[PDB]
Amino acid sequence: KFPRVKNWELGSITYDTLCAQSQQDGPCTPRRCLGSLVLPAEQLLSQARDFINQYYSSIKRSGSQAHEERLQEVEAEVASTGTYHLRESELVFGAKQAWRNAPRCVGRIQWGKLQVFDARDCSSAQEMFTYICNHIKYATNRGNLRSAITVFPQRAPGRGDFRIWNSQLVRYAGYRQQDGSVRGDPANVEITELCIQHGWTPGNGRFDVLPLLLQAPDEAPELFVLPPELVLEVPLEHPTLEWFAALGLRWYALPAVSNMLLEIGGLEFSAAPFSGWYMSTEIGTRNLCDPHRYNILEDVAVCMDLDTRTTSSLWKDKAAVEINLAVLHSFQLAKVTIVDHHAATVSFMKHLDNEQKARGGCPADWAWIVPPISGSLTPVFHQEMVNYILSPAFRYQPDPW
Amino acid sequence: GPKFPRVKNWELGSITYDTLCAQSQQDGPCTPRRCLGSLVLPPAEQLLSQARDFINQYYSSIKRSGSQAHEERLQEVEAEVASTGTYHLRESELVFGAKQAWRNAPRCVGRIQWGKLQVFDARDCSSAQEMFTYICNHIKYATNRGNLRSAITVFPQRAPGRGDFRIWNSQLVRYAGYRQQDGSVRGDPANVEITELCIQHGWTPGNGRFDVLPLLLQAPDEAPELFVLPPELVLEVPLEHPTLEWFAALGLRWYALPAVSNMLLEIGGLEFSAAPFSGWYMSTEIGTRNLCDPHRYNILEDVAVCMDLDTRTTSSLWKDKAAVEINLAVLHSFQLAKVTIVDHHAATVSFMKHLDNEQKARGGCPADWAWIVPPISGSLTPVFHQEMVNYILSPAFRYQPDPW
Ligand code: HEM
Ligand code: HEM
Ligand SMILES: Cc1cc(N)nc(C[C@@H]2CNC[C@@H]2OCCNCCc2cccc(F)c2)c1
Ligand SMILES: Cc1cc(N)nc(C[C@@H]2CNC[C@@H]2OCCNCCc2cccc(F)c2)c1
Ligand SMILES: C[C@H](O)[C@H](O)[C@H]1CNc2nc(N)[nH]c(=O)c2N1
Ligand SMILES: C[C@H](O)[C@H](O)[C@H]1CNc2nc(N)[nH]c(=O)c2N1
Ligand SMILES: [Zn+2]
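Residue numbers (full-length UniProt numbering), protein chains in the order written: chain Y, 69 to 107, 121 to 482; chain B, 67 to 108, 121 to 482.
Next comes chain Y alone, as it looks inside the complex:
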């Protein structure tokens, strides 16, 4: 019934009772675990009712007059039109809850602090662009980063979706070369090629910021260039290794995810970009060291004069550590908010304890929460986790092309 959850460093035990609230199935069965894989009116009515019940309970007014009447408005709207609409205060609560509920997010200690921009009165791609430019300015705040989400109009039965084609608001281009190598970020070759086809004049650098492709319902997407001054970037240098600055490496300040679906009370928001601040291992380990990304390990190790001929000299491990240190030092120097993996995972353990008290559990995906270097050096490695789907939720959605 209720799974026992143990921490192996400290010997402490808790029981997850929150998983009983899950009404949506994951990919696992008793026959096989798939935890490591990356990917009608009556049903809508009950999702809506549950959500409204969640909202009135959060403001302590459960059972009040305002509660009963709001339930009746929703019922009347769905019965007549097949759908309904959220009040701004309900949207705000719903967005925070979807963050709180996200099992892959190590940053959830911050869940209560989220600026929510209501963009549901948007009727064109041009208006979308203005809203996005305002989000970026707010979120960036000259390096003193603030968590934010902007919510565009919900999906509707009659028509096509509002969509941002880009997976993040800020990404670097990937240019496929004559010889089948890539200049820039190999993760972005396909979106880069789409941008060119839709009329963008491409650069030829390793760190060219991509334009946005924004789609209003049932229209071809439109191209918008981000004003250079809005996109804060950090040149990478190393505290003791002088030649590192000459590698010419940089990363953008703002991690801003733009391709996920936000589901609240049965309603679905197909464009709802959100942003926080980076955990340094995302940049230092994954973006720069992954073999299928910028893949810089070998170059850094040679500058460091390490023996690259054999794996047993641990040259990959040594180079990776220095790159991560360069990221942390450079962000700190440029006064841009960042968190290291030790500090982030310590705050996550506190979030786990807060949530055990508040709700009797916390859905968490161990493979995503444990950092990609120095796993067992962090307290989360030794912590058992239960993974399940609660709503409101963020959900992956297929690329619109």
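I should point out that these hints are in silico values taken from the structure, not numbers from a laboratory. Take the hints with a grain of salt, since some may be wrong.
[Stated by the list, open to error] With a straight-line cut-off of 30 Å between C-alpha atoms, the simulated BS3-like cross-links for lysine-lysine are:
{"#": "1", "chain 1": "Y", "residue 1": "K431", "chain 2": "Y", "residue 2": "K416"}
{"#": "2", "chain 1": "Y", "residue 1": "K416", "chain 2": "B", "residue 2": "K399"}
{"#": "3", "chain 1": "Y", "residue 1": "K399", "chain 2": "B", "residue 2": "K141"}
{"#": "4", "chain 1": "B", "residue 1": "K218", "chain 2": "B", "residue 2": "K141"}
We have chain Y; now place chain B with the ligands onto it with these hints.
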């Protein structure tokens, strides 16, 4: 495509489908409502179905499925269970079963070696003294003066109404952990309970950080008996670093032979409660888990101080820098002393080859992602980018509760 799990490698873009999971006859701990993949601990009628399944597996592996010899063996097994409530394996059946149990183990990254296991049949064993002899022979063979060889020794199976053969120690070689008066521990904190049981049963304890424990061996229906391993049998490696001359002065060491001794080996419904097995180390198990876990030897702060690192702030990456040098010391020292070891990069590469081999041979491979990905430098290894399906196949190694 097909209705079997689709499995993707995100570095290479390649896809396979797992069809082997269809052969699974035992439930794991997950359901559609919640994943429990990260948790460490998960009649004649019943026996016969498991026995028939295993005999069918054996006859398929020798390509004699449906033959007269196959049907005759099946008839011999059920007749034996009819008269006795149990049955017994042939020598070649035990050998097949033990290798298949290793092949099936989802938490083992060393499975490229599965076909090369020396299997010692100790099913004639009738006393604690004789268990000790067999165990000493295992260690001598497996250690081979540092050129390590994979092996298992199989003691008699569980029997109706008669007590079990059990080895009380979790490994054949482990260090004592001595509880101090201030509440701290000298030696290995993992071993505090077993250390205290050895003293209760008459062992005169040392007072060092690396005292090898004696064995507590239990023959059926007797109290366990205490046996000290002759020191010349236990190969150890003093730890030094290739460039940091002071590292040798910390007096650190580790033993050569990883030999798990408390797992149950299950073959065709038969239960082997004592069947210790051994291979060689992957270096991260010593360098990262044994030496750096905060609940183990916990030496990270000590080494960082000698390295002159800023241990008062997380963002200096002092833990990461120290862990790398400790892992490097382990690899260098084993290589110097000519004792077999494998680094995490070479092991995970070889496991990627094993995955490909098994895709062709059986249509999949059960694997536990959280255990296969090494505890340092995870995404620098190929296995981090590889999706994995986890399920239980028999023959199997299974955890068993401590005898005390
Ligand atoms: C405030 C600082 C934050 C930090 C340090 C942080 C940290 C992280 C990290 C390290 C990941 C895994 C990233 C990856 O490997 O792709 C992640 C995932 C995620 N986070 Fe956060 N987060 C923050 C804020 C936010 C905010 C504001 C939201 C939404 C309101 C959010 C929702 C999510 C979601 C939905 C995922 C899963 C994304 C996916 O499947 O690709 N987080 N977080
Ligand atoms: C040939 C050298 C071998 C290497 C490098 C190797 C590697 C490993 C590693 C690194 C682990 C994880 C250990 C941990 O973190 O506790 C493991 C687990 C395991 N291996 Fe191996 N292995 C080898 C040989 C063997 C052999 C000979 C067997 C049995 C015949 C075996 C069966 C197992 C089993 C049953 C586990 C799970 C143990 C548990 O749940 O505590 N492996 N292996
Ligand atoms: C195919 C697929 C499925 C899925 N769920 N997700 C993806 C994005 C991948 C995940 N791994 C790299 C890349 O996503 C990279 C962007 N991740 C930033 C997360 C983040 C960090 C800090 C603050 C935030 F607000 C958000 C792809
Ligand atoms: C409670 C519990 C359950 C379980 N399944 N397992 C344990 C042993 C723990 C697992 N993690 C550390 C420790 O096991 C330490 C010993 N593991 C060595 C595995 C190995 C390596 C190379 C060759 C071999 F033949 C065997 C405890
Ligand atoms: C195959 C595996 O699930 C995949 O590489 C995952 C592992 N853990 C991860 N963890 C985080 N935070 N982000 C990721 O993209 C991944 N990728
Ligand atoms: C909580 C978590 O399941 C636990 O700490 C696991 C994670 N992965 C591991 N992986 C290996 N190889 N060995 C272990 O002991 C563990 N411990
Ligand atoms: Zn699962």
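Structure-based check of each hint:
1. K431/Y <-> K416/Y: Roughly 26 Å between the alpha carbons, so the hint for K431/Y and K416/Y holds.
2. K416/Y <-> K399/B: 25 Å, holds
3. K399/Y <-> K141/B: 50 Å, violated
4. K218/B <-> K141/B: 35 Å, violated
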